[PDB]
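Visitor: For reference, the chains in residue letters:
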Amino acid sequence: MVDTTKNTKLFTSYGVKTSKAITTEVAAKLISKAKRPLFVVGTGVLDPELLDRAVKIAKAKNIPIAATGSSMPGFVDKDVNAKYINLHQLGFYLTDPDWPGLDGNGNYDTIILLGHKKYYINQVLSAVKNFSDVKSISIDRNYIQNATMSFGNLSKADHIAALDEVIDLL
Amino acid sequence: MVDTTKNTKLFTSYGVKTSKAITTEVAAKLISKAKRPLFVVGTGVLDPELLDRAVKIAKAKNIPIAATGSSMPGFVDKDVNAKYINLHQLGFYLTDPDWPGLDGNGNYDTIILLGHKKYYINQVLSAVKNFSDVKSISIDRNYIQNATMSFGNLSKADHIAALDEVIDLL
Amino acid sequence: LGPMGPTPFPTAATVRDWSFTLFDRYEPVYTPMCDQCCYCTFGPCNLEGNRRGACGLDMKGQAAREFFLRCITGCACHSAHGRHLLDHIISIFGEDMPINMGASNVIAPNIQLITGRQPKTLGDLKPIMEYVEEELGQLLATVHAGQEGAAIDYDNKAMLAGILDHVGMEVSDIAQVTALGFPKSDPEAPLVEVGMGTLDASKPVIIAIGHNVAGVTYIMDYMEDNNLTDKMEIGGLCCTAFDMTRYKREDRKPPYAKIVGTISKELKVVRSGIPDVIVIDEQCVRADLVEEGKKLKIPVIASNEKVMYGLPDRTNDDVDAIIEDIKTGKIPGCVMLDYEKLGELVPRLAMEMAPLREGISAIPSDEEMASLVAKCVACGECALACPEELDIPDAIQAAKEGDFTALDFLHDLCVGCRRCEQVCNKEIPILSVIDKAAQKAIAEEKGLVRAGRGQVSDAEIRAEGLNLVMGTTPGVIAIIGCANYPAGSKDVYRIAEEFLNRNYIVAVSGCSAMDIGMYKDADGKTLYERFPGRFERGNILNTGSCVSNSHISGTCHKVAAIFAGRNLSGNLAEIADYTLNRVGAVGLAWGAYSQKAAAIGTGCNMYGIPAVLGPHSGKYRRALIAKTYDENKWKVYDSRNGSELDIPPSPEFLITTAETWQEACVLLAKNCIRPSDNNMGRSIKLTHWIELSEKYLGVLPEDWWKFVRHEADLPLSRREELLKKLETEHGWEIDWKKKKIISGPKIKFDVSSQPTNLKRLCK
Amino acid sequence: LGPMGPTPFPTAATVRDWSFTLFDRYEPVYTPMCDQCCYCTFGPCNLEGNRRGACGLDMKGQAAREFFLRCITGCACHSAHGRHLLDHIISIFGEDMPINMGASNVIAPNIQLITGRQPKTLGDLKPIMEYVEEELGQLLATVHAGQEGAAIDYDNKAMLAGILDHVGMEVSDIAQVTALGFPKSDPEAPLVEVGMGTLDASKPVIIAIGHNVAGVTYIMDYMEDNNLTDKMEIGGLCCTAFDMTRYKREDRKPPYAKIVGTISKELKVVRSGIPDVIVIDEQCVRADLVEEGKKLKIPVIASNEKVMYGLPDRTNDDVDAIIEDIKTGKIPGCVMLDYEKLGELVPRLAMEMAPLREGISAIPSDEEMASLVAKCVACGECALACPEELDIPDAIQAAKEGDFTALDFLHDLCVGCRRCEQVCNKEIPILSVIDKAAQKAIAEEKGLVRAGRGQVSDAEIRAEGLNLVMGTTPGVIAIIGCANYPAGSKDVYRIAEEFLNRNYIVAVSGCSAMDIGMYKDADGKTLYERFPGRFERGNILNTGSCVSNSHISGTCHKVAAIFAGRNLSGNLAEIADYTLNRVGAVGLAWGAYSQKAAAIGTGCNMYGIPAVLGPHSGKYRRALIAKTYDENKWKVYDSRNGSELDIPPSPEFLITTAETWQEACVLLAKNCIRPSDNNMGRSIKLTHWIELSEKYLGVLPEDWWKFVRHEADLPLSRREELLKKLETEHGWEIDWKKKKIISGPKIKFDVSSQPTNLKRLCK
Ligand code: SF4
Ligand code: SF4
Ligand code: SF4
Ligand code: SF4
Ligand code: SF4
Ligand code: SF4
Ligand code: SF4
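Residue numbers (the authors' numbering), protein chains in the order written: chain D, 1 to 170; chain C, 1 to 170; chain B, 39 to 801; chain A, 39 to 801.
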């Protein structure tokens, strides 16, 4: 419901260190308090019921969007600053503090993850969280262990309700 | 004292599934409700305090003792039924439902662990809990992940107090 | 002997300079699969946060060591395959048989490049296997605790293992093609039926799973000699299907053996009950085949020392006794290491077993499906345990109303792993449920795949050179690897069709060829019938099993030898530099899972060939990515004078992973651009890359202007608009009257320039 | 050629019968390290509860595969060592040097037993290495995804890898002993000084870490030629130290090289600042050596391709230039693969570096120690991260008051891995604190250890045969393995002293010999000078490094040959059965951590030699334990007539882990009993076993009566009361007027009976 922490089950574990299961209030606060956030979206955002949610989230705080994979065509019409980048390339670049970024103004401190696959974003975060200091907030419906903070295991309707609650609290 | 669940930290994890951190009341109930329990005791019981605590626990509920390692000399004069067995052998024998046991009356269903090393008892329980159906209760200082139920991470005085409080509820 | 290069029979030290030169630009990126190391009893050690274990090895070193172990495991499985096959071939045919493979001045480009040896007889490959074995042992000795500490020297050893793996694959293919009468550089290889619907249940069915065709060759010999071809059906899973199909196909005639599918089909076909006997040999064989054949009364016969499956060893027993024992249910199979007796036992066992196990399968009926669907309570464990992240609870809930379309959709995406069934407390055979729901699609699952053609001949390469230099062929796309696809077996087909429509050169191999051949257009034609099968623009050719991947990379080597006159003998660094700087070829492993794929990718990287892998390959723990924003990374030397030269950032990776097949298409199109291109080749490459980016990502690329040195480097149909875009957004000065670029490009055009990464190659 | 056995040059299939016969009695017990498999990209797969992964392999199969990978890794590190050493030896001394080992009819028992060959020259060892490599490659091919599925053929392949490991060790040891002038079966090998307190800081100190001795021989040749022996100290860590101390020591003259310690000493020595240059070769070398040497200005020179350490390769540069660069701090070390230039660079580097770095160490001063101790908060992370489970917070809290005895106690138990320091938020160098607290013990840390004697000669075995038969030698105890001890390096010393006082035969090797030689009695004498170094009762002999462990096993083989006239050539099953049924010999690896130890233990098991491992070895994921309560498990054949014979349950295991050194002593005493013992041998073995059980466990064993078949099978001192215990508690009928057992034993006594585990050896 609002819980988003009632289910943090996993099939396999990376280790003893896991991301913290957070609520919608904490997620909204962390997103709206970050100094320089980046909205890293995947192909899963192409759902006609998540793409507008993501667009509203990006518009609320003017967060630049990195549309990894083939999710770029969903951001051409919307008046947002979305750029294409390979997710593996982005994960490699994030660990370098000398990377100018998607706009040339430097690196980022926190990233927001939505619409990815549980085995690809986890692999990228396995490098990001181990060889850098960039924090990650996962607002997906799967419990991402390799993030810094992440939502629980939610259904589609529950995930969309939680995203709406985060939007209203932004 | 009463709290034996506030610390379940680990260095390395075997996997997703982990033992439940129980309290003294639950541990006493589980020990007193077992149909055929076995007190598997390592050489760490040779500490005098742990020695008399274990002797009292075995006397209270008439539990046969398997003195693994070199802990047998601590039970020669005490009026208990303690027998020597290798822990790696005992763990091999427990997975066989056709093993007559330490007295020839059959196999056991619940084992109690006190006074081991967290890297040896964990290795034995790795086989026991994966290739059998024997339940394990760890009343030791360390949080044993491969058990079924275990105490938390406690100090020496805290462990002594917890063992006492168990003995009073036995 | 002739000219020998600086690096014959390389070791870890002998290739360190080239490896470090490559890693300077394409830095390794480590994506660890775990936070702990478990090699010795000092551990398991936690290494989170790049911490070091009890031996001092840190997280990066552990990830590099794990990838190196994967690479050496793959190299050891093509080398062992090669040694076994070559020993059997020499024992049967003699070791003085000339190596015949087609029309090519260089017969074994990989062997000549690595060892500097020109083998002319089957007995001349024996020493090369000894070297490939011996060095291999040393590499395995580095997996110990207390061995190499730095991760960079683990990456170097991984590249050495990759090139050794390519050498082993080359030896394997050379021996088998020379001996067993495979097609030899044949651009008209016969078409082969593929799919689940090809096999006929009215006849006895033999299913061969493995990689080597030593014993199934005897099986086919017995079937042909006794005239049982029309009375039985023989099918193959995995690469042994390709190898058995190519067998005795020098006559360009259609084979009678059929190809069932990839590894993902194995359990599925076992659940179908169609097989009447299963014979297993080696790599890529499920380990629970007997656990199901016991229920379905399907005998499982092992034929290798590598895979014995814990079965009784009846090698010295009578065939009739074994047949009686299997018929009466005493044992579910046996190890039959004697090829002569196996080749008779298997068809006889199928003939004597078919009538006794008709109509038995694990597929549920209608009422059983209704009960099984109504049993579920939507607890979500199966979705959690699904490797491909499939919405199984939603599919079952939709099927509760009688809407079995969701499971039919899920059937293509599933890979037959049965991992869900082990976490279902209701004990629902989910895989069987999906198979029954997709029975209608399974029935019409047919297709055509071209047989393995062997290695590319010299004449085809020479003919394609002109098309490459006159901007007629944009580049070379190799599609290899396994079948661990993230979104079903159609993405590879879509990529191949997209690149074939644009007149690329598509070379396929392995399970990817099988899954490409399974789809047709409106006219009911596969890609192999829609496009020709020779080395040409707009043509798709099949090399065969993955041991033929050594041809693909090998072909690139010949490009260096034929056109630049470069010496191949022991000249890995020079040929690799040439290929990296001049040849526009890229490989794609969309479903790579096994260590063989990792070894092949690493060997391709060491030869200068970039590779794109599927998202699951992010679990390999290593990629090779370049820093495009670092302008000092992209600098080379000029061979004419030793001066410093600038090159465009292409290729931007040596090995990377994409997420969707559209992103894969864009990346493959982009990374075919090379610094040593004339105007026409660069123009056609830019045209295709920009069009694909516009089609699939919806935007014009943000760095296209980097690959623009000349006004003739722009697409023909969109030249003036791109010139306006250059002028109004970047300040470039353009001669609008002459449609010529006056100034603005960082890198000028000089076709006579010779970029190189080795300073010892300059004046 | 002479008579050849049924199994020459074995493969996986060739030794399956013997391995399955062994596993019928001594069943494998799997103790998995995880619940997950992380091999291919289909995973990581969860296998908890013996569930199967996406490939069908279950938890037991995964544990067996992991142990098999450990075994093949160890076999590959002795084989690579052997090949490199043999190639260097052949290049230097020529390939036609006769093998010089000592005085024995069988020179290479392992090679002759496995391959069947009878080498006579250093060039005749070349084929054996080719075989050992070739089969090895095949074995590595089984680690791939999709190979063997059952968990029993993995165990069989593990035993094959073990015997191959023993063959490789034998080859390496024979080559080095023949070439480099090692002692040849000398029962009076020179005594060498050991300990951290032996090296003198006044002179420049060189420290050699690794296993290979090819470069160290050049270094010491240069030191002797230029007369720097008395002006410079040379020391070795790990087995390379043993190799130096055996070099040119057949003259029985004391050497100048000194053994510093085992692997657990390495970092500590680096933290001491005594070394002025560290030269590393390959196996067992910490990966964080440069990371500390850069702080303490200690240069690091690598000399092998296996371990380059990510260092610049200055093999072709001048020695003076490298010395200048290292002196000026440009680089912290270099790879110097040219042995001739390395042997000059290392001593010259030490000479030019000692004055500039004297007085720099990581050991804190008194005020720094006070501050560091007062900084701690007792958060408990260091105790959690300690592999040996050491009470570090309690020690630090006791040190806060001024009681530095707790850290002094902890120093012996600590293995110097610094893993604690990486989880301390206060950044306290705990290892340095413990070292400073134990400075006095470190200063007074000296001892004597006998040099490697080589292999046991035939004459000593023949002399000891009568002692074994007449019940004067209870058995053979081998003490080998690594130094990952659970309770410090004194347990091996205690076990060795306990078994030497009881007139056993103790053979030591590896780091265990070093740690045994580090302790003295009141008279200030070590065990090596307290007991002789021959092969007889009450003697402790040292074979040398781990590559000499083969000699130990080889000795057992000769017992089957020179006494029963058995043929050794290609007769693994027969010799192993003889050893298992007749020879009382047990091995002990109290601190085994590395894959070499696992391979050695598996090879010993396949030869019929049981071994007891330390508790940490429970992380190896496999043991071999028998079901004592199952009376049908202990049944063999009678070689005289093929009848069924009963044997007492001994040995009751092939591999098992003990927990404390007292339990280890009891187990070692018990498992030296064999079914073929005569009355006197059985009597002495029972006497020692019962006495040790009473001493350490405090009770009389509960199954002793299982080994009593004759009245003369009881201890002499306690015969009548044991007879009374048999009569009263069990109902045995005893002739009290003649002190004879009338009836009651299950197994009768028949010294002429010939137990066997092979049906084909009967009648
Ligand atoms: S190899 Fe190193 S990191 Fe791995 S378990 Fe052993 S000590 Fe720890
Ligand atoms: S695991 Fe079984 S019960 Fe649970 S949701 Fe999946 S199919 Fe339904
Ligand atoms: S069998 Fe298919 S549906 Fe089930 S978990 Fe495996 S991939 Fe997913
Ligand atoms: S690397 Fe593999 S075996 Fe080791 S802890 Fe991780 S999952 Fe377990
Ligand atoms: S090898 Fe088998 S168990 Fe291991 S990850 Fe791959 S599919 Fe899973
Ligand atoms: S980790 Fe550091 S602060 Fe914590 S108890 Fe250990 S020494 Fe003290
Ligand atoms: S350095 Fe010593 S005290 Fe510290 S964790 Fe390692 S063994 Fe324990």
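Any given hint could turn out to be false.
[Said to hold, decoys possible] Listed below are the simulated BS3-like cross-link pairs for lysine-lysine, each with C-alpha atoms no more than 30 Å apart in a straight line: (1) A:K333 <-> A:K484; (2) D:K29 <-> C:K118; (3) A:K332 <-> B:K368; (4) A:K98 <-> D:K118; (5) C:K17 <-> C:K78; (6) C:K9 <-> D:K6; (7) A:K413 <-> A:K438; (8) B:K332 <-> B:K222; (9) B:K797 <-> A:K368.
Rather than coming from a laboratory, the hints here were simulated on the basis of the structure.
Visitor: It remains to establish, for every hint, whether it holds in the given structure.
Guide: Each hint tested on the structure:
1. A:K333 <-> A:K484: Between A:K333 and A:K484 the Cα gap is close to 28 Å, so the pair holds against 30 Å.
2. D:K29 <-> C:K118: 41 Å, violated
3. A:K332 <-> B:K368: 68 Å, violated
4. A:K98 <-> D:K118: 28 Å, holds
5. C:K17 <-> C:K78: 38 Å, violated
6. C:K9 <-> D:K6: 21 Å, holds
7. A:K413 <-> A:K438: The hint holds at about 9 Å.
8. B:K332 <-> B:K222: Violated, because 42 Å separates the two Cα atoms, which is more than 30 Å.
9. B:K797 <-> A:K368: 23 Å, holds
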